[PDB]
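Only one chain is shown below, in structure tokens, and it's the form deposited without the DNA.
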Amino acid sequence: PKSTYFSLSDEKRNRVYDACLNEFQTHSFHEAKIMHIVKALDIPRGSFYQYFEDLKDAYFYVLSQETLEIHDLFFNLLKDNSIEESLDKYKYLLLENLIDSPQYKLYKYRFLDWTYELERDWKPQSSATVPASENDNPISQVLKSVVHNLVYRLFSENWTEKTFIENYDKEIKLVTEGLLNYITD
């Protein structure tokens, strides 16, 4: 977003952010409209462009902020828990913060309704949403792959909560024990 967005008071900036978040919880990016957001906020359309270059700007900003949060939900556990137990705890933070949440829809669109055009503009502008050390390491890449995939399938196959828990457990156990041990047992 633009400097004027960041120079808003906490209360005003948080209101603007909430309206942008709410638009993206209820519409895919292709369906989202600047007009919806300004009518929610009851501000002239012009005001929107003082905060953001365009819709994409707001979308990327919302994505970056919510993803940072959903990631921190996991990465914060590693300060006070084994990776094993952090993963088991994260399962339930996901129930509360992803499945039973308005973010369910935000993430379904991100996962299913992405495009090369979005990726093209997203990737070069993006700041890390994971810890600085935690991008370059094999542990994060493996857990990313497997957990993102469970989330993708949750959306894709419209899993119930119990089906999500069942597969997460099976697959995170396989990751934890390894392929060799899972095979022996």
The other form holds:
2 protein chains.
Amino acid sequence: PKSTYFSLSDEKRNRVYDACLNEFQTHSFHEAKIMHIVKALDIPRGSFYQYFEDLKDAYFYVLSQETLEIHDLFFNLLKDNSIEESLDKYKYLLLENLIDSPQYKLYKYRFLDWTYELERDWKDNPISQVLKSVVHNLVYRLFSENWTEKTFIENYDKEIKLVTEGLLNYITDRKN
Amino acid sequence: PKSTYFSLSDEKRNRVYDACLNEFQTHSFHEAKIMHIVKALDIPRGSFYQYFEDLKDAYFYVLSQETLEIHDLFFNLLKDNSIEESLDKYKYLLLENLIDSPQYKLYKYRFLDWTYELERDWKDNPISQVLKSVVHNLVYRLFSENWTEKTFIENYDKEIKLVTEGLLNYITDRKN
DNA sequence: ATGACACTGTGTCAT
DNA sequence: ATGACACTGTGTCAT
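Other form of same protein, the form deposited with the DNA bound, not the form deposited without the DNA:
Below is the whole assembly, all chains and molecules, this chain first.
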């Protein structure tokens, strides 16, 4: 956001922020509109641009304020725990943040509607890339299929077991 | 597309199609606009809607005509080859289709800009979900990072080896 | 058939 | 500051 956003009175800044937050709880970045936010606040359209560069500015601000990066949740576990124990704790930590929280709708759109456009502007080994892919896909399905916690845990367990012990070990008893 | 699209003369239908194709070679679904296509054809805006339901109709038509589903490329290999041999052939088949073809730009936007919206409208085991995730992520990076074929092959090899023989075997010599 | 209409939306500029 | 302006865009309706 722009300096003039931060110079707002506590009252006005909270009204503006809560309006952005409300729009993004109900709209993917692509469905969200500046016109919506200003109509809800009943302020002139020009004012939004005094507070923010553009819609993306407001979107990223709300995300940075409301949400965590699941990458960090995992690597923070790894500092303190074995890979296996980290993976065990991680599924519960993901659910606690993604599902059981008020940020549920924010995370949903972040996973279901996100494009390279957002990825590029948003602020390197095989292990990381593989876990990232598999976990991202589980979370994508968690949202898109409206899984229960039990369903997420069951699928996470199977796919992480496949990853940790290996696909070939999963499929056959024959040994390398 | 609508019946009236197919009832077009060979000449007019090819002009209309080539225009849609051109728009999608240069635009993600979200950047693409009906107004663009009709201006290029120099026909009235109402005509587009005679040929198509909406932009998505034209987009999916072009995709169904120009592109293949990488899921199918893999499972078709599996009918004829071991999992290991299928994975070996698959990387080369992916490159032949995604990179070395005239559909390069179509695949790029399909991987880099695709949302649950498109996924829902576009026409179930751990092994499938894991491979799908990892391969999709490799292809995403292939496009977003503009990898050479050698780079794609090197990363594919490492991450597929991690998947096939298992993460724990990858990281440590200690045995289960 | 089609192009004008009623919409909805963006970003800027004169004030 | 702000709201009118110049844009760009959609989908429909009277013809």
